[PDB]
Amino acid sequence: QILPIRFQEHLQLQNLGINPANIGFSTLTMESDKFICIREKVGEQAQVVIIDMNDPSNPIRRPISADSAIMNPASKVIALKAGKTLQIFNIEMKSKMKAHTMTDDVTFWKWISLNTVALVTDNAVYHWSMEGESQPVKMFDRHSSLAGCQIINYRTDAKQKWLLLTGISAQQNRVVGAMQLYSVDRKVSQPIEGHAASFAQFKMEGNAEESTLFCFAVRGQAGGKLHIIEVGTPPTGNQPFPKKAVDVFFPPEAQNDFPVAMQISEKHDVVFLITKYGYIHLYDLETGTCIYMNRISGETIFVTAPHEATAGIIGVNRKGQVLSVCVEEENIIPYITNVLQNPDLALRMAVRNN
């Protein structure tokens, strides 16, 4: 009866009147655990439905003329775009914050920091800072391998020198993910087959600094795999991070499953991985050991975020459940002693975290 995680259903979005046809990747955004925005169509003009996660029973509904809407991860500040026209608004103060019109249409965007929305067009990736120039700086041009792909994620490392775009497409009756990992310092990309990814900061024992880790999961033709590779130059005085590559388990009845989401808990150094069919996986960031697996959802959890109050992962499925999984802070070392029988990992979990 001892579980190394803890489960929570925060809210059901059908309780707030959200029709499930607009509960999808194209219409629902969740850039952090504080807000959910949904674009709807009541009448023939559009609406946006903003849900405060600290007051979930009082949503607000404003009319819009935008094709996407993303709330800032920390304030009630909304970014809206209509093709090439981009705008950022303060909701409560009713104040326009900035605006820019592009030359190519922005097909995908996402806040990567408190100040920066990353913009993706059909051939390039831009960073649009709030406190900066008001023109978006071009970061890199998009590789040929990501052409004709549905762009699903963009993530950066903490100091924004390692950038990663992710798209998926259907090749040979399979959802093949194509990633472009870009280094700002050397100005070179690498086309990578991957499905879900995140960067992380990990301090090794015997190290004065942190190492910048790149973590990605993939289901290719050789099965499911999770890689934990250090990117960037290691500082002298620090040992290099030893490269990990472990298997990602899929059951025999789920050969049409693949990873769709990854968040990393920086407090506990734990990789959370969600698959398309609803399975959550927990890996240790240092060794890659699969701690725990369970199917937590019946529908596809299509957008995730960090859940900072519990240092976990929070997500929305297509039914409209807002679900969260985090490490149970009392139970995860009494799970690895008895149920997992890994005593060398369980007390090396204790020094750096507990």
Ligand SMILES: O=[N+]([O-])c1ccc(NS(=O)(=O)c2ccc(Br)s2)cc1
The other form holds:
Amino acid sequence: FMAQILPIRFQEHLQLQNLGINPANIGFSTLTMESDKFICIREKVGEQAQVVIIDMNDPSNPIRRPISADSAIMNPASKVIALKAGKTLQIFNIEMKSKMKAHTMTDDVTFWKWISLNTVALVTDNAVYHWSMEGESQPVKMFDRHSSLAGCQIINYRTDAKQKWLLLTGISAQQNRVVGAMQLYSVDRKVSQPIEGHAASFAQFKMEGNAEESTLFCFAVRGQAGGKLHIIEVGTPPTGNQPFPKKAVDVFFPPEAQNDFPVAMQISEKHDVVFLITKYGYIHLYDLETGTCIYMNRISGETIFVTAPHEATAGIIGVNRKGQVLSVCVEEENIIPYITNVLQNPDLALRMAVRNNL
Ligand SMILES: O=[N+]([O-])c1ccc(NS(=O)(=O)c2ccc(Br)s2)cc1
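For comparison with the form solved without this ligand, would you give the structure of this protein in the form solved in complex with this ligand?
Next comes the full complex, and the chain you just saw is listed first.
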């Protein structure tokens, strides 16, 4: 019944192979998408190393520049790029065709990522630094890496809005299993907590009855105990707030997907919904407040290896290994009809409408 309406809208935005991108470079090590504004691909044509920048507001005319770097990450908001070659890092102002700042590390940077409009996070074998793109400041060590991540492939680093809660995520192969290892660091308490988790995000959420927002930490994992999603308040609640009750729910995998697991998460600020993407290309939607599973479906035939918030829709945008750039967001006119008549959850239908953010 009502099978024709979904609580989501799926969109295809681009096919990178139609823009002259070699499929061999559509992957984690060579393609970055730090926000929904740009995609950056490192390619080698002949023996000329090149960087291709796709402006998502003008994607038919990508810029191909012969530059040699081990990694390239566009700023989330500005026409600014960070480039790395060996231990040397440089940030460039593209519009002004000028170098902004540079720094030479002592230890190799194995993973890096913009965490804000002006700060890039650097991960070495044993520590995590934050580096502002402004002024003269060098990178600042934020914390030392926990031993539980030793030997992991680092796959993500992200923070809460106030950059007081920092999360490093790695994976490792244990026999034929992919095991997630996370390090949650409190800047104020100077304490680390190891967590078995595969994908995660932070969110700000205003509880009914509270005047101030709660800082939530959501992570998903598939371990020996199966698929689980947790939603937790981190830190001391703002003065006057009631604490957010911890939520824990199952993450479902069908019998033919015993080897699937979570790989990406983004949270809608507007709709208080968690988007979870699995290795096999499934998307799940969960209510942030309760963890209720709203929707699941396989939306990609190829693995989606990078995601970002999709600002205009408060959704999630991602690139899959074939070069499809795709997004999922809440369908604002159909989600409450779906919850009412397919999920048959009038509590959630009511709570959603009361939030009145559709
Ligand atoms: O902003 N750019 O697109 C842009 C900025 C600087 C250059 N110079 S470079 O020698 O190729 C260079 C490569 C790696 C580092 Br690290 S510096 C080229 C392009």
